[PDB]
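A.B. asks: Listed below, chain by chain, are the residues.
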Amino acid sequence: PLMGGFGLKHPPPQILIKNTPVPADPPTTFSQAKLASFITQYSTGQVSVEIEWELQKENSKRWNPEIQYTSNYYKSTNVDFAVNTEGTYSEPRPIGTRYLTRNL
Amino acid sequence: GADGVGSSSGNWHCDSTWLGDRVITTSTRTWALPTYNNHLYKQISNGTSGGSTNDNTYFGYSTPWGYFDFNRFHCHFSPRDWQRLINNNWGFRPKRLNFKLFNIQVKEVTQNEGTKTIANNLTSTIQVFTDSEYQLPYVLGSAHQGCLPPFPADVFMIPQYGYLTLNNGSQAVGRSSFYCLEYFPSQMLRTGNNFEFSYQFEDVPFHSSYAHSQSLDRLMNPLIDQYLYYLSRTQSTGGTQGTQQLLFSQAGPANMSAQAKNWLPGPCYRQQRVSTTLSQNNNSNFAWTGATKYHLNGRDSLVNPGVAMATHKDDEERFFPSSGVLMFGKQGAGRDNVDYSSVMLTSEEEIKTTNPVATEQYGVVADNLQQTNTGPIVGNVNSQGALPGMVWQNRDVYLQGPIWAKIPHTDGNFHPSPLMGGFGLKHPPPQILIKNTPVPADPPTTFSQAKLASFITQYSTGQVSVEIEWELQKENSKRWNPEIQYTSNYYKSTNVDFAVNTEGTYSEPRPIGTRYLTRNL
Amino acid sequence: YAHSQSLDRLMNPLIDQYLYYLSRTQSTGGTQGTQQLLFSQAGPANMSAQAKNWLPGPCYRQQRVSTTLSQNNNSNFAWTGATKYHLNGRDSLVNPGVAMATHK
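Chains as they are written, first to last, in the authors' numbering: chain E, 635 to 738; chain A, 218 to 738; chain I, 427 to 530.
If you're looking for bench data, these hints aren't it; they were derived computationally from the structure.
Among the hints, erroneous ones may be present.
As the list claims (entries may be wrong) - Partial chain I-side listing against chain A, Cβ under 8 Å, derived:
hint, residue
1, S432
2, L433
3, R435
4, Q443
5, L445
6, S449
7, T451
8, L464
9, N472
10, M473
11, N521
12, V524
13, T528
14, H529
What the hints assert, rightly or not - Chain A is nowhere near these chain I residues, computed Cβ spacing over 12 Å in every case:
hint, residue
15, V491
16, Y511
17, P522
Where is the CB? At the ideal position from N, CA and C, for every residue including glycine.
Bound-form chain E, shown alone:
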């Protein structure tokens, strides 16, 4: 992909879900038309997903230290990647995936 990530020829299927429509009380006398009324409705539940990942271990002889992604040492108003006063979770900056080095 241009956005990055993995291209796949058989991606994970997409799950589709809908409330089963519940019609309100239809009239007594038959009517040809389809039922235009329904009971306002919504549903809630829990969903769980796991992904088993495979890693390629980093095996390298570079003498000096590498570069690593690390949180700031210095004080700040409030913790990054954590909630704020009013409870709004916030992530300050994007995280690149490339730090460790490899000989071309």
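Assemble chains A and I onto chain E, guided by the hints.
C.D. replies: Same frame as chain E, now just chains A and I:
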């Protein structure tokens, strides 16, 4: 059991599997069953004492019961899956069907001032039974409304069940039959339970989908003559005197009309002809008056459609018989006195080969018996019965049309097959009947002889699923050039056909005939 | 046995049909008789126009006779106006004929 309220009693199957020749098609819809007749049986009638005439008199009952009607094709075939059927196949017939109710939930409702409020009633039940002994009037096959809506998102209302019986005028005779449906074994269902049964269609002929490539009179060999002779000329020709003489000839390529032919066109029962162009039709109302009718028990009944007959001959598109063709509506078309634009007109053109044109005479026969002094006179046969040596084609079926009908059980019938098309059956699929189990309101403390006149307003809803295993007759043919196929327009349009519109109203633009592929007669 | 349902009454009294028939050939309710094709559905109101799947049995007419003497004509039509079939020059009266309802 292991069902209970917390668990759902079924799944949702809408699918079509093409397995070799067999093709399994299933469907599912959401249904809602209103209480009918405040749980009463009612004698209903229409007397001619009112504006009604003697033809419209009926006598009958309207029961609280209601019945699932799946009888129409468009229930069981998605238009694409109905395309694969008519493009690739000569013929098809059903074999066995299966039927399921499930996820039944019952509800009640109360009216408190203007507040209209619904709740669930867990214990309340509904009753379900099929007639497998055919002990009831079988009212499917008259193409009444209310069949499972084509587009599976729709939710439909189960139609009320009633029937008609003998009358004399508005009153009834001694043979008038009554039926109390609660008098049959039925199953009572609770929101946990489901209902299922399996049916098997009786042996039935493949419905022919194809158009003969050879008109019935053209079976000859173009090149070769015949060894038979016919009477070409009664009068000595090329002389000043008209002396009569019998001369004979052979019918070759030159004159093909006189050739001896081994078969006859199908039977013919005339219709009146009508043009879509208004100026061409007469100025009058001949609709009912000049209509083609049959007289029964003093009640003149219009013949709709009538026997299967070619709609219009070659190089006239516009003329169609009065009642001869099935006529559907466009989506959202009015009920009564709606203009021509809203109705759709099926056409018989496929069968023009083997059957006579509907609006034209079948044949000509001699009226008189000739003599020296008597000139021969020949009359028209407007209606011609069946004679030995006649072949014909039954009426085509359409995506909207009915699938079957119940052959009446009588001692003598000639080639049963419905006029609407479809399959005739001597043991059709049973009809399912269903009703809310009536729940009485609080009766008084002191005993009362009278039956309980109050009930809790109620309705129920659930899911229904039906599958039909079909058998196909594969199309095996050597025709060199391409066939004709049913295909959607290539050119752009406001919006897709057979698909929803802006406001969400599903619509089907035109009927779909079953006959494209060709077969050598 | 005697069928409890006359052949034209097989319908459902309550429900309409989805087929249409030709109700009226002429624009109605105007001073001018301009012809117009209007269509309708046959419901409970008009049951005669409904599309029916079968036909009455075959028919070969007979002459009608009343037991009341005054009502019948004054003549001998017995043999003369009889319903006959012609075979090999010998006209043979049809007795009884095909099974047909005696009187309406």
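A.B. asks: So, for every hint listed, does it hold in this structure?
C.D. replies: Going through the hints against the structure:
Interface hint at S432/I: satisfied, since its Cβ lies 6 Å from the closest Cβ of chain A, which is below the 8 Å cut-off. Look at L433/I: its Cβ gets to within about 7 Å of chain A, closer than 8 Å, so that hint holds up. Annotation: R435/I was flagged as interfacial toward chain A, and the flag holds, the nearest CB pair being 4 Å apart, inside 8 Å. The interface hint given for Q443/I is met, as the beta carbon of that residue sits about 5 Å from the closest beta carbon of chain A, less than 8 Å.
With its C-beta approaching chain A no nearer than about 6 Å, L445/I sits inside the 8 Å limit, and its interface hint holds. Because the beta carbon of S449/I sits about 6 Å from the nearest beta carbon in chain A, less than 8 Å, this interface hint is met. A cut of 8 Å between beta carbons decides the hint on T451/I: the least distance to chain A is about 5 Å, and the hint holds. A hinted interface residue such as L464/I counts as satisfied when its beta carbon comes closer than 8 Å to some beta carbon of chain A; here the least separation is about 5 Å, so the hint holds.
With 8 Å as the threshold, the beta carbon of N472/I comes within range of chain A, its nearest partner Cβ sitting at about 6 Å, so the hint holds. Because the smallest distance between the Cβ of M473/I and any Cβ of chain A comes to about 6 Å, under 8 Å, the interface hint for this residue holds. The restraint placing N521/I at the interface with chain A is violated, with a minimum CB-CB distance near 20 Å, outside the 8 Å limit. Interface restraint check for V524/I: the shortest CB-CB distance to chain A comes to about 10 Å, outside 8 Å, so the restraint is violated.
Among the interface hints, the one on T528/I is violated; its C-beta lies about 12 Å from the nearest C-beta in chain A, farther than the 8 Å criterion. With 8 Å as the threshold, the beta carbon of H529/I stays out of range of chain A, its nearest partner Cβ sitting at about 10 Å, so the hint is violated. With 12 Å as the threshold on Cβ separation, the claim that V491/I sits away from chain A holds: the shortest Cβ distance comes to roughly 18 Å. Against the 12 Å criterion, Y511/I stays outside the reach of chain A, whose nearest CB is about 15 Å from its own CB.
Every CB of chain A is more than 12 Å from the CB of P522/I (nearest about 16 Å), matching its label as outside the interface.
Comparing the model with each numbered hint stated earlier shows that hints 11, 12, 13, 14 do not hold.
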